[PDB]
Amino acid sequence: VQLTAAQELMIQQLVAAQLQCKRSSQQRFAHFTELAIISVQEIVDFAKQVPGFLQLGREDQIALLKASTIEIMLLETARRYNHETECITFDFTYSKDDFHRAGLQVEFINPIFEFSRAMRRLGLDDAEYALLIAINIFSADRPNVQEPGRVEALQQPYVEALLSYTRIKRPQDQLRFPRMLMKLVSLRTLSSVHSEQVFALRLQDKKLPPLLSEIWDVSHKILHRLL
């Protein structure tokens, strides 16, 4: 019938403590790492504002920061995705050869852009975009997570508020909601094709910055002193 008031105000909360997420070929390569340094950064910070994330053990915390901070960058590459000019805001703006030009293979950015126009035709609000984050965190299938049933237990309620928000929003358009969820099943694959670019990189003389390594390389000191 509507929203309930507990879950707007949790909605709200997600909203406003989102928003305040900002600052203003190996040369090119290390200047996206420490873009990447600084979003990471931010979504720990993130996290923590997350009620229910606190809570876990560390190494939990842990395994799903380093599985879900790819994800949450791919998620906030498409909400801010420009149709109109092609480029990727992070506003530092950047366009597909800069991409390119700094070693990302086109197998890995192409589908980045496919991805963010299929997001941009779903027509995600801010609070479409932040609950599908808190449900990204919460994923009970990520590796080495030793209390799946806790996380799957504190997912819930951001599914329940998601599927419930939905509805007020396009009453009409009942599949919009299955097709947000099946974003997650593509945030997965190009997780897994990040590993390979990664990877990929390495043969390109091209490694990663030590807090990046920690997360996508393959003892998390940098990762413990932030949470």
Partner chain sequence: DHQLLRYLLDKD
Given for the second form:
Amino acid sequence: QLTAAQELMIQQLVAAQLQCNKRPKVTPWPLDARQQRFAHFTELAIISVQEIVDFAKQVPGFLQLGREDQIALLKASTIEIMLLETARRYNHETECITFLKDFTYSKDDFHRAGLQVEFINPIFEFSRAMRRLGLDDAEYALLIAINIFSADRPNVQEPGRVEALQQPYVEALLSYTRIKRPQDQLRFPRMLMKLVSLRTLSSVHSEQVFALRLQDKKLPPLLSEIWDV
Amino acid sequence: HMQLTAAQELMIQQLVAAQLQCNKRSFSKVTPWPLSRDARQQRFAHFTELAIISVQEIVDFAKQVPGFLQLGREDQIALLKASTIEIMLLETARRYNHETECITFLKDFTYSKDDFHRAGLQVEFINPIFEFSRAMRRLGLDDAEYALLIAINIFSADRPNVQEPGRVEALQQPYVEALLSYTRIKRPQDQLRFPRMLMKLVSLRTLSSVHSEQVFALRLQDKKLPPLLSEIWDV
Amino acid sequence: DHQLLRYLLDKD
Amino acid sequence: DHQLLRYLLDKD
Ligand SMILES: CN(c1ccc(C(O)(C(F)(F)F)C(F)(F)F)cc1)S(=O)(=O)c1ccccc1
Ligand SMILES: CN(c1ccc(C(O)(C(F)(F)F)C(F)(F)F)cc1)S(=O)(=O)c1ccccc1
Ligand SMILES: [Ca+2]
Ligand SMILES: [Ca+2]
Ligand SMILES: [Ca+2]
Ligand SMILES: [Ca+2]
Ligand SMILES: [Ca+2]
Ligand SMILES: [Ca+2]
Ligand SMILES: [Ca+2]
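I have the form deposited without the partner chain already, so could you send the form solved in complex with the partner chain?
Then the entire complex follows, led off by the chain already shown.
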């Protein structure tokens, strides 16, 4: 028993998000060698940032925000939404993440690009754990919508409005989980707890970025504006 | 859906009573507040000494949460090191006056943003503290909900250097369930109260990261933490 | 500031 | 490691 709207709105979210997963050329992976790998990643990041914004514009409500809050919400949730997408494309038998249509990367490939274990491991711990919860399309879609409308992001001008926008997505997730598995009531909490983990991941990601500042690696100006100190 | 089980009702009263207790033993003396480069360092000492008092109360209360000491001593360390700053921020919110925007740390002494600033703290930390304290008051938790939320925050399998995540996540369940049943009963018409409360755990986690940066920014400024705090927050 | 987001938002 | 903390936990 989801309302007629909820069921539809959820289909439109999943549609939107699929259309974004399907809707490009990057610096091919090496076979200097270290730097070509790093660049390769920063270009994957640039591409996902683009899908994420493309998705956001289609999340109902999002464009009711002023432009600066749109900016503020996306600046904060970008890396967090990324890690969700990574987690979602993690193959457990192979232990590799598959990125566009074909590409596969191991906990070691990440090491070759220049990332550090302090950041690399927790990403895989999170991908593993995200697999235990076993989310379907609808849940990832709502969870992402919920992450976007976080009234507590730095520099948000209309916190009240953002929370009111988040509210319906929380309701829909709550019901959905009460029906898909009326068995486990703790499934809803446990999903929200992942949002908590994402904040810590975002923080670890920033350290990873600061790290590269010394290890003579830097990101394109466009990503730099989103993630630098 | 109209009434708590006696096991849950009991669990809640023990936490509430434990918290009340640890806060009384907290009543039973720090560097005074300066009414100068020494004054600058003294205000900081003042804050750090209030912080030491808080940590002690927090450890004391965590020891009284059922199941906490049944954990590996090492995981006890791990959970507290992560927890302490978040639980402090919850208790700071609990002392926040929304009308004049200050926090009462003792009895009749009130601290404002400028007071925090005169103790060497930076606005990028200060404002997020007041922001969160403000948001918390909108939520208006009672004794039972505060006590449960803190129990739940302590038992986060999420934390760094936790050796037995599964034990930790197993302890947290009954407290999560209790909070869930408690809010449905006391506030049946607000279906989102439980979710909003968990959402606060998300905020606290960012706030923890902001505090670390404050701690780091104090190093580059010649201000070091006293032994207990250092033990907890330095790297 | 945040030209990547501003550009992507204006795009279309 | 974590000496003063290890104390607080041990009291009583
Ligand atoms: C979350 N991960 C990640 C994100 C950003 C960076 C970086 O920000 C840095 F290494 F600097 F931290 C950079 F620069 F590579 F993009 C590095 C790693 S990821 O590998 O799973 C991923 C990459 C692309 C797209 C989607 C997910
Ligand atoms: C959360 N805040 C805080 C916590 C820790 C510190 C510090 O850790 C540092 F400034 F270094 F960041 C220190 F050292 F003062 F305690 C500074 C401020 S508080 O002002 O609300 C508060 C102070 C005292 C007691 C309870 C709460
Ligand atoms: Ca997406
Ligand atoms: Ca490979
Ligand atoms: Ca306490
Ligand atoms: Ca104000
Ligand atoms: Ca004062
Ligand atoms: Ca003020
Ligand atoms: Ca004053």
